[PDB]
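Consider the single chain below, provided in structure tokens and representing the form deposited in one PDB entry.
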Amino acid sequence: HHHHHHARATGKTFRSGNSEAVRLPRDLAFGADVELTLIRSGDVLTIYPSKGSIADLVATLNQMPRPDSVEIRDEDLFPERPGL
């Protein structure tokens, strides 16, 4: 996907049905059926593919610090109740 890492376009929005929309030329487009995350802060709208895969999770995990050890799971969680 995409010959170049960077690509730029200008233009205005257009209405599609009842929402607003931006067209993406080919060298700006994500794929087909690609789930997006959008965030708007002041002047800037950022749009990028959502990461929901285990590859993504694991990659997010591995870039964080590790706790010093791994937890010994507690067992025997259930108490005796008087009566069956």
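In this text, the rigid core denotes the largest set of C-alpha atoms whose superposition between the two forms falls within 1.5 Å. Positions refer to the first chain, counted from 1. Compared with the form deposited in another entry:
- 178 degrees is the angle through which the smaller rigid part turns against the larger between the two forms, based on C-alpha superpositions.
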Contents of the next structure:
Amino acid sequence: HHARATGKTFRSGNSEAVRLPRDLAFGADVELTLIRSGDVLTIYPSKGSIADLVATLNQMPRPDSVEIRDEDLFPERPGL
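Return the form deposited in another entry of this protein as a structure block, the form deposited in one PDB entry having already been given.
The next block holds one chain only.
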């Protein structure tokens, strides 16, 4: 699940299909969400919608304040 491949569409039934090599494949019982934007297809496990996520969060209390991030985390290492 940290891999790259190249492939070619083929026909399966009355539908296009795309082969998933073993290193990239999802479990056979995993429901997937497939979303296309332009020519880019994004595929990931279906675990709830964004509207549901936001509704769930809004039904919950929230912390008293929003954390002030620290982005500057990488130390200065001697010698690279």
